[PDB]
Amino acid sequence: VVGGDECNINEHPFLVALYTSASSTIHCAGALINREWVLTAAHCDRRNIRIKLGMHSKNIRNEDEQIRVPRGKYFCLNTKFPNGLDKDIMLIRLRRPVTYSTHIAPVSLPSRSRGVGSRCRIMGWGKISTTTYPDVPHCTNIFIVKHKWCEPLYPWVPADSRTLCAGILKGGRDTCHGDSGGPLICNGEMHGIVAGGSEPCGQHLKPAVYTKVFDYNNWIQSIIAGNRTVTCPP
């Protein structure tokens, strides 16, 4: 995240970090939905995913920090692109649940749709400057802007994409490499999943793309309930 500062240690209990059994590098983030489910971006998937919960600094572990592996991973199977990037979302079921604590808590799904003008907060362990990754997650506030700003830049995100375009038109604040899969928080609810932006991040007139969670609420709840034939919103 560029244009922000280290997050308050207690403000991101739902934030999880994703890495692999082969690399300790945080390639993406995710959000805890309940005691055994994490919501993230589909492109964040990897063969041997490892999830860190309750973490702030990568070098000073919180008392309640936990590590988990998936017992199940679920995707949208009715996508426009074969690589599935038009519906960049995935559910990960933890092999073993976690218990809530100061640094581990669930984030609520959106109770209603929110759009242009909404002030939201982004967070992650992604780049904070040219080739610079922090040891602690960074946070900053951005705005959901007219979806038209994104459509041209990412011609694979059409006008009807179930996505939110967000950032600061003047530039300076944006999600970056390593932040994908993280939550976009608006009014205390997770309204988006970081999907991707332009490189370098934070450029003038180049907001980023966030998967619009609200549209996937029913799919998410059905999957968590155990349904395995439910499809993602068309």
Second form
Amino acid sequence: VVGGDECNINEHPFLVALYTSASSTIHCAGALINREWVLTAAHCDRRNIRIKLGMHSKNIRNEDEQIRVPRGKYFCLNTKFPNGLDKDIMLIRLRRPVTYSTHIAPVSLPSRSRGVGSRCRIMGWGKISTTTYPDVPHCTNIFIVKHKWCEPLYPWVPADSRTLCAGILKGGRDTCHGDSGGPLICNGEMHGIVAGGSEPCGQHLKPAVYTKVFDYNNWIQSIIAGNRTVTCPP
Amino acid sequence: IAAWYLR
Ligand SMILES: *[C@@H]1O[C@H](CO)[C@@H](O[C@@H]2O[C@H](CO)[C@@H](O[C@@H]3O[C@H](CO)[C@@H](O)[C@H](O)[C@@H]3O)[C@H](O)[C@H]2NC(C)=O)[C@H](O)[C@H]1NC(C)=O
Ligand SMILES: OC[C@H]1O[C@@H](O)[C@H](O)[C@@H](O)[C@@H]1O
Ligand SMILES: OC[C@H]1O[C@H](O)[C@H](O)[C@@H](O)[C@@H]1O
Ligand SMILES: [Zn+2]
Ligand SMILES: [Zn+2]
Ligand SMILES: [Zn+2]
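Same protein, different condition: the form deposited without the partner chain was shown, now please give the form solved in complex with the partner chain.
Now the complete complex, all chains and molecules, led by this one.
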């Protein structure tokens, strides 16, 4: 996240960090949505993925910090692109659930749709400048803006895309490399999943793309329920 | 999808 500051150590209990057994590099984030499920982006998947919950600093462990591996991964059945990245979302079932604690708590899915003008918060362990990756997650506020700002920048993201276009039109604040999968929080709810954006991050008139969670609410709840034939919104 | 897009 560029243009922001260190997040408050207690404001992101639902935030999880994704890495692998092969490296300590955090390549994405995700959000805990209940004791045994994590919501993130499909492109964050790795064959040997590891998930850190209850973490702030990558090096200084919180007393209740936990490590988990998946017992299952779920993607949209029906997608336009062969790689499914037109519906960049995935659910990870934790091998063992976590116990809610001071630094570990679920975030709510959207209770209603939020659009243009809504102020939201982004957060992650992604790049904070063209040269630096942080050790603690950084946060900042952005706005959902008209989808038109994104359409010309990302040809692969149509006006009919189940995505939210968001950022600061002035430039300066934006998610960045390594922030994918993390939550776009609006009014205490997870309205988006960081997908992608422009290069470099934070440019004037170049908001980024976040998977619009509200649309997948039924799919998400059905997978959690145990359904395995349900499909994502068309 | 452009190579610089996914974060
Ligand atoms: C997993 O979720 C899917 C999707 O919600 C479930 O399948 C859906 O089940 C409903 C109700 O059984 C189907 O609607 C029904 O259609 C018949 C006519 O075919 C109508 O007479 C009923 O009143 C009702 O409207 C729906 O078509 C079906 N969707 C598809 C395409 O399969 C599925 O049952 C769930 N799996 C579980 C938990 O068993
Ligand atoms: O960066 C996420 C995690 O990566 C692991 O490889 C390190 O051993 C942990 O200390 C760190 O919290
Ligand atoms: O801390 C989370 C909150 O951050 C900012 O206040 C956002 O404007 C608000 O929508 C969000 O719920
Ligand atoms: Zn900093
Ligand atoms: Zn604390
Ligand atoms: Zn860059």
